[PDB]
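Starting off, we have a lone chain in the form solved without 2-phenyl-ethanol, written out as structure tokens.
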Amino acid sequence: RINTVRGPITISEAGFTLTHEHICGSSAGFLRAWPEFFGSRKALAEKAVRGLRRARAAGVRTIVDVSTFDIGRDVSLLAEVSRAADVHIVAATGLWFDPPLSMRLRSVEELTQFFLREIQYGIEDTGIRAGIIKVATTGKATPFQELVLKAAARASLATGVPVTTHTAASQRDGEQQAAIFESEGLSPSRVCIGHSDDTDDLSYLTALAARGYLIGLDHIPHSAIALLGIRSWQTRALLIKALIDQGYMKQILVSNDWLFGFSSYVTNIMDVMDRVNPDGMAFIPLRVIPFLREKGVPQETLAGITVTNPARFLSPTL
């Protein structure tokens, strides 16, 4: 049983699942303070439903939202949009990078309790419970990172809920994360190590996958912001293929954003519509799957990645 914003559902109910999305919250709470600019909570919910419905028509049935409290997560809006669009939504607990001092000053022990709260008791006063633990980490490696990583490993160990991370600026930063999880006794299959691009060494990726970790090609870091020039999503899609070819199809998780090349979250607060993904959340099913199929990847394999992988991952396993 997986916790959704409308309650627990069974694994078989999940179906085709999109991971690492940000359905709402791009204002980071500023829409309450400046609805005139940001828009009203209702108009936002409308925008969302419209998008969900298109995705759903495309075949999507569940979505994993990874917004945390510190970046504007609003579970009640999520519950509302979920009901109206008839698409399951899993919400997250965790922290983003550079969290407020209030949390930044907390110990491993306190942090573990806050995450447990959001999962076992519910978020805020909503009675809505989290179904995943999100850990965003930026650039240079800090002690704080370690702590957060450890509190997340413990919350997972206690509950069986999965952990999804963002790897820092360090090299093979993921090996360093693996080490933390492992030293906490957390099974690697409970963890998704996320990456922002296709620049990592395949040898590095495969090795991690060989250890049991899930490999996420899952996010675009939130930034204001060339060397590498600019790759196409087609080229990034190819990485999936390689991993698959290497024998790792069971360990992959991929998001619309990582493929497209831009953070959807940021796009919404930007002036530029040039940055927009005309397919929205339907990008994977509408374009990416077809492309991979055209490259020779079998249907069933693609299905393993968009249905099986997510399900197994979300399913609380102790």
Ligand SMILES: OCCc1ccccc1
Second form
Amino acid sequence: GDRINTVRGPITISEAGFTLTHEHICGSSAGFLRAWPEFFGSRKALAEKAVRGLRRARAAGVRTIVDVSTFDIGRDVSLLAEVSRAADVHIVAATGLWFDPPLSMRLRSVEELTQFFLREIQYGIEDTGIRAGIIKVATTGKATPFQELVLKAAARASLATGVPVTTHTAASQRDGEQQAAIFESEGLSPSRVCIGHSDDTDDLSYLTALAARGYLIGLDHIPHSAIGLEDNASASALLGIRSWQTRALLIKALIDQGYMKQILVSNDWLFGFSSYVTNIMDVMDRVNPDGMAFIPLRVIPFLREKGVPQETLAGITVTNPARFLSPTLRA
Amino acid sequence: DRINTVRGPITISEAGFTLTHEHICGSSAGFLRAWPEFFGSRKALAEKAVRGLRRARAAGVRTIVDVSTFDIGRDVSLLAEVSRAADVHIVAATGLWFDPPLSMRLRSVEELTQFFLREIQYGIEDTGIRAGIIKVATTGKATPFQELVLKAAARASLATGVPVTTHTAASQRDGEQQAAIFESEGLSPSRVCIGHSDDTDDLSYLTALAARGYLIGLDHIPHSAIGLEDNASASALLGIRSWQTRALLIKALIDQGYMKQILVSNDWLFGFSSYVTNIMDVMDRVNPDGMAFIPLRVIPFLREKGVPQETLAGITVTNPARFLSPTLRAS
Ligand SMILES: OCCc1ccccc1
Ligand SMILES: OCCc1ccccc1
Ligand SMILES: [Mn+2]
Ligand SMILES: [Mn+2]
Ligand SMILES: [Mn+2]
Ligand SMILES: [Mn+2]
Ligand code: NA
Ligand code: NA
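Okay, that's the form solved without 2-phenyl-ethanol, but what's the structure of the form solved in complex with 2-phenyl-ethanol?
In what comes next, the whole complex appears, and the chain from above leads the way.
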């Protein structure tokens, strides 16, 4: 693969640069932003907030972000394109299905879902021509029957297009294993797959075993932590009580185990968030004022301090994402 | 003195013969725009709807109430386009059915009240097309979230005068619990239509609600799986009662003295993604008359059963007008 699709069109692999592989402009629901923009103040407000945030990550060195919002996460491709242009940051859009598919999606066959993911990757999202550059799927423990279909279609779409698959997992419950199993049963190469939210578990055995099989490990919840918000139940349930340092150390752990080439790091950040309790955005923003710039501003330096060499840091933030994102077909 | 339609306000007299429970398309939020090909094409769907609407219009139908909420995938722009092309008044709805995504399910009664008000008072999305009715629903005992929706719908009705219409599990007598919730909010039964009432032969249930002042929605008349007993999905959706059995409910209610509380419709559609693939073809085979079924078959049937002309006119013109007319409670 020589080109990556973005909301502004295709870019060469070199242009991706420093990339955050699991982010979001807005965490919502299909049709939500268009139907009730005031939930976020306004569309304009949300976009402005987004541009500010993207500009700041950009100042910090982020060149590209992969917005893993699916149809069901309320991905609004027009919004992504507008802010990408305004902030001058590349944004890779996604196809796939998250865990909140409406009936029209939930009643579909693997064949049907495959054609829909294909539509989004090959032709374009909605009527925009904006093509997806990644497939997002998810499980939250053992897969439901529908989710197994989603996983299968995702693999089929990946096999046909060469674009990678990235996932949401209930890390502590080892969902990556079931995911992998399904992917493999469809003939997908582990190298086209990123098992996400992997920093949510302290089980290094689980992660190294997956890495050992060739999977990419997404350590994408680094700044997520409710330490200092124990009183806030929902926030606690969302962010956990492990420190950012603890999560970040997993990156070092995997590097020390020999898997530096299989690590993807991000913040799983957003500018609007409707798919959870009201006011959770404010809470998050308090917890992590750096937002998407958290990786380059705090994690990179923390790792270097811990002994990780520059070249390794560079490989993880630049080389890894480039290899992953480059559309690659099975030989 | 005015009813809001997708083409603007109309005078109570312009509504004429009205179908109070219909859909242009039965889908999911954002589905039609993300995967129009599911219906062949957006253009195909529009044309189909225009043909059907022209045909019902030929039959005497002047207005249809499209009870598709945000979660049924209502696409007001499509409603407007087809209304204009077929020259049939179409009343849009707000409310929430039974497939709300997370962004909706996590909301409070207060937030949902503001969303329903936005759609009624200001406009749907950015179109300024104002909803003329509030659609809600339960499928058996209401869920906690569903109770909140019913309460918000009552609040919105009390503030705007726009009526509330519901989807029920007639079998389970959902209408009683709905009425309960509505009344606890101070809503007048005369602003409420208890839907899919013809799905049950319990004349006790129906007359008990009519007695309190509710409007009874006999809108599934043409739904019958007779002759397709072998199609599990269809029988499940359509039932095995004949259209005449359902229609006879109208006469029964008339006979029991509640002719002013009856609303009749077909609950038809031109696209249906929220169910198994091909259901639309099965339905169209069952009732080729589509929306025209009420005037072409239902009205004449009743008339032959002794129902008088003026009562027929009363039910099809008078009742809907009174129901649709925004009405604020006395103070
Ligand atoms: O040898 C290549 C150096 C590199 C480091 C970490 C991950 C990607 C590449
Ligand atoms: O005035 C009696 C005429 C009428 C009959 C049916 C429904 C509403 C009105
Ligand atoms: Mn996630
Ligand atoms: Mn995410
Ligand atoms: Mn219904
Ligand atoms: Mn309906
Ligand atoms: Na493509
Ligand atoms: Na209004």
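Just so we're on the same page, rigid core means the largest C-alpha set that superposes within 1.5 Å between forms. Residue numbers count along the first chain shown, from 1.
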query	finding
Position that moves between these two forms after core superposition, taken from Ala242, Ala210, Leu105, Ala169, with Cα shift of 2 Å or more	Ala169
C-alpha of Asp200 moved at least 2 Å between these two forms on rigid core	yes
Threshold 2 Å Cα movement between these two forms for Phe291, core superposed	no
C-alpha of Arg190 off by 2 Å or more between these two forms on rigid core	no
